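Novice: These are the residues of each chain, in order.
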Amino acid sequence: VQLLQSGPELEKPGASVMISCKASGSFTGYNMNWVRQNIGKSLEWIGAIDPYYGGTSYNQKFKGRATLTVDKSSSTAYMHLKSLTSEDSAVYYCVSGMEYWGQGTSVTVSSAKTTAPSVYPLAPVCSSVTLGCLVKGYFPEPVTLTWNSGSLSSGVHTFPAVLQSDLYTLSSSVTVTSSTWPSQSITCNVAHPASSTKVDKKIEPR
Amino acid sequence: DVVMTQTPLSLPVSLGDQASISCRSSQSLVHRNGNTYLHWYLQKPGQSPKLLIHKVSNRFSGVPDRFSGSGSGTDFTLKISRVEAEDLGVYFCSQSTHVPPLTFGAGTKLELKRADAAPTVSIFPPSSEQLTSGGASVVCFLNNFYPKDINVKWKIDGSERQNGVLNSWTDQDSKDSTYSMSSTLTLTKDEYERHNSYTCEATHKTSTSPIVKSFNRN
Amino acid sequence: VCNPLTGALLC
Numbered sequence: 013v014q015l016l017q018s019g020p021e022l023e024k025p026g027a028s029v030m031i032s033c034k035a036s037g038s039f040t041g042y043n044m045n046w047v048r049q050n051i052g053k054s055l056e057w058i059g060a061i062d063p064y065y066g067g068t069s070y071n072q073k074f075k076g077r078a079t080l081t082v083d084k085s086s087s088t089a090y091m092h093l094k095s096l097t098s099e100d101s102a103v104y105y106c107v108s109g110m111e112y113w114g115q116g117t118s119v120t121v122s123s124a125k126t127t128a129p130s131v132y133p134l135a136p137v138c139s140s141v142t143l144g145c146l147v148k149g150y151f152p153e154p155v156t157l158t159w160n161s162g163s164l165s166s167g168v169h170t171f172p173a174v175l176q177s178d179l180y181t182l183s184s185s186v187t188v189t190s191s192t193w194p195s196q197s198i199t200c201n202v203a204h205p206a207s208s209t210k211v212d213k214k215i216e217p218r
Numbered sequence: 014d015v016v017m018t019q020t021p022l023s024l025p026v027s028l029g030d031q032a033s034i035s036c037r038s039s040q041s042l043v044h045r046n047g048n049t050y051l052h053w054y055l056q057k058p059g060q061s062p063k064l065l066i067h068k069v070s071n072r073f074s075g076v077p078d079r080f081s082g083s084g085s086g087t088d089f090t091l092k093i094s095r096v097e098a099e100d101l102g103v104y105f106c107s108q109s110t111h112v113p114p115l116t117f118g119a120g121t122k123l124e125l126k127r128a129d130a131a132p133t134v135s136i137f138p139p140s141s142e143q144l145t146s147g148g149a150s151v152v153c154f155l156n157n158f159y160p161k162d163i164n165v166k167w168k169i170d171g172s173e174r175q176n177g178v179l180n181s182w183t184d185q186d187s188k189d190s191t192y193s194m195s196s197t198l199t200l201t202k203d204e205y206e207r208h209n210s211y212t213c214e215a216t217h218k219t220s221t222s223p224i225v226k227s228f229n230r231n
Numbered sequence: 009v010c011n012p013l014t015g016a017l018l019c
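Protein chains in written order, with our numbering: chain X, 13 to 218; chain Z, 14 to 231; chain F, 9 to 19.
Extracted from the complex, chain X is given alone in its bound form:
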């Protein structure tokens, strides 16, 4: 059993999204259930549909703002989620009979259009040294961040992006020996393809 869900969605507050779940490997023998996973990993069951006959049951919290359907010609289930707000920025799973889960579909709710980040080098104040890079104010995910074009990979912490006031921020630290920097160059490389952003920021002593 395999459940293939559609890719990431991006909407403004108030809008709706329609996400799909293509099943393979008896489509009509299992109710298709839908479950939200919120940011702190909690799970909330939204509802389910009987695909032969089309009956539905909803979590009352979602009733009236989510609609489940199927297409038997293509063994595909759908969820239409309306009334989007910031609480709906989450991962949505289809689940066949509560037994087998799809890979999930991300929905991000923000008032922002596609926005380019600013990228800042973080040099230390003034045996090991920690340097940083700040990627401030972009939308949507993802960005790619490397150090020295991927050559410098150990001693790195690149933090998950966080959405705040409609835009993402991400940061990265790298720790190297004092014999390495500033005597050898260290540059953070950032790409945000959605905004046609591609920047290299050399870490220079202040």
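Think of the hints as simulated: they come from the structure by calculation, not from any bench.
Hints are supplied without guarantee of correctness; some may be wrong.
Heads up, simulated DSS-like pairs for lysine-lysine below, C-alpha to C-alpha not over 27 Å straight-line [unchecked claim]:
(1) Z:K161 <-> X:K214
(2) Z:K63 <-> X:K73
(3) Z:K166 <-> X:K148
Among the chain Z residues that face chain F by a calculated CB cut under 10 Å, a handful are [claimed, not checked]:
(4) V26
(5) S107
(6) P113
Beta-carbon label-pair distances, calculated as ranges [claimed, not checked]:
(7) X:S177 <-> Z:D88: 42 to 52 Å
(8) Z:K168 <-> X:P217: 46 to 56 Å
(9) Z:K126 <-> X:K125: 57 to 67 Å
(10) X:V13 <-> Z:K68: 12 to 22 Å
(11) X:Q196 <-> Z:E142: 20 to 30 Å
(12) X:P217 <-> Z:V16: 47 to 57 Å
(13) X:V137 <-> Z:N180: 45 to 55 Å
(14) Z:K126 <-> X:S38: 43 to 53 Å
(15) Z:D30 <-> X:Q115: 22 to 32 Å
Backbone N, C-alpha and C fix where the C-beta goes; we use that ideal spot for every residue, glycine too.
Could you slot chains Z and F onto chain X? The hints should help.
Specialist: Relative to the frame of chain X, chains Z and F by itself:
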């Protein structure tokens, strides 16, 4: 709706340990028809949940012998004998007795134990480039610490600033079992220029006192 | 439809 309380919510163990997770429901999960629709899922990092145990104690297809489910009525337990790396992730209990809605426990994170480690704290003034923008972000990294719980405050000229803080935390490091955190304080450039002393302050199990890193703006 | 994990759901 049925409230499913899991304890602990974080469970650090050593490789090869026995792990035990409790799940208590706010009402009985034994249905009129005799069945107890209590199931357990595991979500490994980066993956979707997978069914482990169904109907209290039945192992699903392909699930190792070392997972066992027990309990009855309102009190359930999952036991994971000989924990290995592939077992690490978030365990959820779920009930389908009283529906709609199906409900779930909050998730218990099975994580690795190691020795306590104080964070390595680094603070970064705004870059000269950002200053030309009229915004000012100050960044603090609190890296490679254990245990996971940490609390960070920004103090400006000796006074806490709560607004404008963006925090992010890594999952447990796969190689050394530590945790890391980034905190970024964003101010306008004019606010930034009204004060001179910037401090990142953490509390953590490793010290009785605040852990601090500071700079002066000039 | 009646499914074993879900009891009375849609059943």
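Novice: Would you mind marking each hint as holding or not holding in the structure?
Specialist: Against the structure, the hints:
| no. | hint | in the structure |
| --- | --- | --- |
| 1 | Z:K161 <-> X:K214 | 32 Å, violated |
| 2 | Z:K63 <-> X:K73 | 25 Å, holds |
| 3 | Z:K166 <-> X:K148 | 21 Å, holds |
| 4 | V26 | 28 Å, violated |
| 5 | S107 | 9 Å, holds |
| 6 | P113 | 7 Å, holds |
| 7 | X:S177 <-> Z:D88: 42 to 52 Å | 43 Å, holds |
| 8 | Z:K168 <-> X:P217: 46 to 56 Å | 26 Å, violated |
| 9 | Z:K126 <-> X:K125: 57 to 67 Å | 46 Å, violated |
| 10 | X:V13 <-> Z:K68: 12 to 22 Å | 19 Å, holds |
| 11 | X:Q196 <-> Z:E142: 20 to 30 Å | 22 Å, holds |
| 12 | X:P217 <-> Z:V16: 47 to 57 Å | 55 Å, holds |
| 13 | X:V137 <-> Z:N180: 45 to 55 Å | 21 Å, violated |
| 14 | Z:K126 <-> X:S38: 43 to 53 Å | 45 Å, holds |
| 15 | Z:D30 <-> X:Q115: 22 to 32 Å | 31 Å, holds |
Comparing the model with each earlier hint shows violations of hints 1, 4, 8, 9 and 13; every other hint is respected.
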